[PDB]
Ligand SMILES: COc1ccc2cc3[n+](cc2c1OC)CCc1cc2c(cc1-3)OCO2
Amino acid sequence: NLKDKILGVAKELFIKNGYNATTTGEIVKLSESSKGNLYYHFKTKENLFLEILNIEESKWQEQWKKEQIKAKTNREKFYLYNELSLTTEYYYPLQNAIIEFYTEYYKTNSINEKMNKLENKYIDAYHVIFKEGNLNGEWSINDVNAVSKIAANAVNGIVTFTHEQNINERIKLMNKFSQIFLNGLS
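Return the structure of the sequence above as one chain only, in the form solved without the ligand.
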């Protein structure tokens, strides 16, 4: 495909190289497309990267549902969710491009005007595991929406900041956290 081969090279590029490293034209380069082709299908290079994000945030979000069954209670759901984060082939990999990019276009408004959309689209997995855990009476989270953002960013931290050490340790550290956290809640 045309437009489905652009995202195809852009994704990986942002990852390998970072947000700035990859260029509006460099993509058009390894994708064989016409510099113009971009404009009507993809507004700006930041719109394309803003696009790929929602795809990844989606791909993962689905893969998550299809697996979370293996977790019967939500307490397990919570552990499982965080565990799987470390291993998914989605979103999480291009997490520095996220950093680079928010600290680079943060002096504009098209940011929080298309960012928080993805933020909320993310802290949502935690929204449901907690709120559900209230219904199931697995605990009493009085400000769920908050706890969701904490948990999600504390977790995004453990995943992003340890990427380069033995995967069985990340999984160990991550479980010990999932624990301490759930624990401080009840």
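In this text, the rigid core denotes the largest set of C-alpha atoms whose superposition between the two forms falls within 1.5 Å. Positions refer to the first chain, counted from 1. First, how it differs from the form solved in complex with the ligand.
- Annotation note: for the two-part rigid motion between the two forms, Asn134 and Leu118 are assigned to a common part based on which superposition fits each C-alpha better.
- A two-part rigid motion is described between the two forms, in which the smaller part turns by 20 degrees against the larger.
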Given for the second form:
2 protein chains.
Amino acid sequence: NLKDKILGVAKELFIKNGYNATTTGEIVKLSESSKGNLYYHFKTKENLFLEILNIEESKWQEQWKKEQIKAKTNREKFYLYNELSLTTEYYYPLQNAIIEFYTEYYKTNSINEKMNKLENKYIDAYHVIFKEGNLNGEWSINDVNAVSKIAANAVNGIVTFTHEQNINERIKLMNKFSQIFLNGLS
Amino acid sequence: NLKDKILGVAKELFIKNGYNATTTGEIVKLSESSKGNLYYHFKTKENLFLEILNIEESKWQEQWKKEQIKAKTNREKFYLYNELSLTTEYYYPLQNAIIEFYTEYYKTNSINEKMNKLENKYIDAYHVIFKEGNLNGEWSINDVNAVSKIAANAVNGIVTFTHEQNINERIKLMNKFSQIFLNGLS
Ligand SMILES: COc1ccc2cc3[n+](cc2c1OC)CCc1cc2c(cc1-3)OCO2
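Coords for the form solved in complex with the ligand, given the form solved without the ligand:
Next comes the full complex, this chain leading.
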């Protein structure tokens, strides 16, 4: 459990103080742990942070696994997933500590590698919507991996680079894109 | 020069270290300048940054015009614009700096007031490529302004969230996208 308490106190610390700002001395004392132990488990603050990101991503995966019960067809699952990504980012705290981490440990192929292994988990989501949609012939795509990376990064920049518009607008652009994209696949 | 040897050091500094990573002291120091210089020409530091942005947005917008003849129809102009975006040296590079800086000053108003200013220069290249396309007959888009905004960001996502993998796979990815997209329009 001492492992988990470290993960827990860290997530919080990162939300309240940001990334570069949180210190491992803090992490160790607030988790009533030890420097030694922390090294044993994570080796670095960067990996500590990465581990968190896996666990969040694990929750998200799970979160969505239930929210999708209200999407009967895959066309639907595509529109809904794109939206949830847009809406649920507004009020998702970690988001700042991530932006702060990514725009730093970005130039390190070292971290950037573990970073991608993770970026794929968020990409498979689509991978599946497209596969299924295929079997249920909702469309007939055939390089689901390419189309999937395209969708994940398109959606992603709509989410990221539109922060200046008021939410009722962003959610409007996003649904349109889902249509134009989905449209261009048939 | 002096003032043109400052922007010269900021540009690069922002691109390397980050929006934060590079501090006022940094700039001026490696800029061989006085901390006052900044004051009369470059108001604030976020100002020196919001400056290098239009600089970049123009240099690129310009380079685009000089090469956009290679593309005969507007449908070709679409692929090409997106294609070149991946390879330019202008603007796109400090796209990270942007993200960081937007979330680090979004709780102010000189943000939307000037972001949207740079954001209208940005999505403009598509405005014309789509507008003309209507005139040209290559397609019919009623919401051009909308579509421009959407396209510009999906594309900025692809250019940005893929900077690490083989430069040629990007051009491939980007082109299957430009296709899926133009397809959804007609
Ligand atoms: C409401 O809760 C949310 C909402 C949204 C979340 C979004 C993401 N994660 C947790 C979330 C979460 O965790 C609880 C972790 C992994 C991830 C990788 C990404 C991405 C978004 C996310 O964009 C592209 O790469």
